[PDB]
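In the form deposited in one PDB entry, a lone chain appears below as structure tokens.
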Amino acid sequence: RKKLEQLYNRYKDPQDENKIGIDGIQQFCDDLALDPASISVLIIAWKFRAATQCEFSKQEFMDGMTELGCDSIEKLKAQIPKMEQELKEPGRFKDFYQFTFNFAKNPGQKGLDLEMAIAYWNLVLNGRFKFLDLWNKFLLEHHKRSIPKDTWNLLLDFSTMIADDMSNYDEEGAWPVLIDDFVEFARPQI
């Protein structure tokens, strides 16, 4: 599509035609009337299967718009409520949540920097995870610098299965020692 290529030219980095830079990504979110660091834009990145935050290639832009059947920003803007609704399924939420870890991190680095894991947890789990604030505090206190993928996924498991009063928690080996330690820390504070 020529209408899609013309819309791409509006964003491409002047130095590198095959990528969209900071300015171009900022332009794209503005045209969509969205904050570049908002949950709606993260949902859009998920639908575009974007590899990394603050990076948006010609391949990702072209393939994503084609897959979504969009050749204009208005067509993409209209698809946003459908993208949001798709998350109602727990299978699709787990999909978006796991995508988030890979998108947030640096390519070629195993874990997710804690400061970025907190920011993305606050973006995807705020209002979903009851102990989000205490969890972020616990990890900062135990001077954790990096979050492995296993920790990222185990937190969604904890979040979805834990009672608001933590009465259904079994510390008898079932969960790793990190989560046994978090329950020990959080129980007096609730």
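Numbering follows the first chain given and starts at 1. Basically, rigid core = biggest C-alpha set you can superpose within 1.5 Å across the two forms. Compared with the form deposited in another entry:
- Taking 2 Å as the criterion, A174 counts as shifted between these two forms: its C-alpha moves by at least this amount when the rigid core is aligned.
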Given for the second form:
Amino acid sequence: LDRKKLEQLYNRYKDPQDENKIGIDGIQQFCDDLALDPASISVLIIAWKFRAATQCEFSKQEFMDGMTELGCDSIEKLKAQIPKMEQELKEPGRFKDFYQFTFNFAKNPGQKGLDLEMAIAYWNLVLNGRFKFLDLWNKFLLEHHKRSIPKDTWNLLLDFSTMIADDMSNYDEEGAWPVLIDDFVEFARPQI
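What I would like now is the form deposited in another entry, since the data block earlier showed the form deposited in one PDB entry; can you produce it?
No partner chains or extra molecules come along with it, only the chain itself.
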């Protein structure tokens, strides 16, 4: 890996007002160079591989360490990696890691939980086509005005989505389910 080539590539994205950070324009540019829409799951997958702390933020350390471990000193080398990252998420567990990372990436730094409509946005993206009851779930949350989602409720929603049946017949009340998922089963059962 040519470090000089990687340092100049970083210079293309860095904030004109802060050398140690990539700004909103630099994040947009990086997506454009990767031929990616900024609302694509592939942008979230890249954030996951670069292990970015929070959304709308990208540091020098994250970019440099990310590209080094991937062995990319160019955009074309990184674009060649995107189908390899998508393939790796076919593995449950790699997807569990990615899904759980999404909570920490989306929430505000300093805050322990994720705001409801922010969690719904990301659920719509990451649980797209892999949670039958997503429509009812969002409806239930927006209706019973739950302000924020706790880490364990977000995390156990994946366990719920992979274990639950179409009729919810295999759901166990005595199971280690958070009150929100448990209340959702009470609300949803008459509707299916």
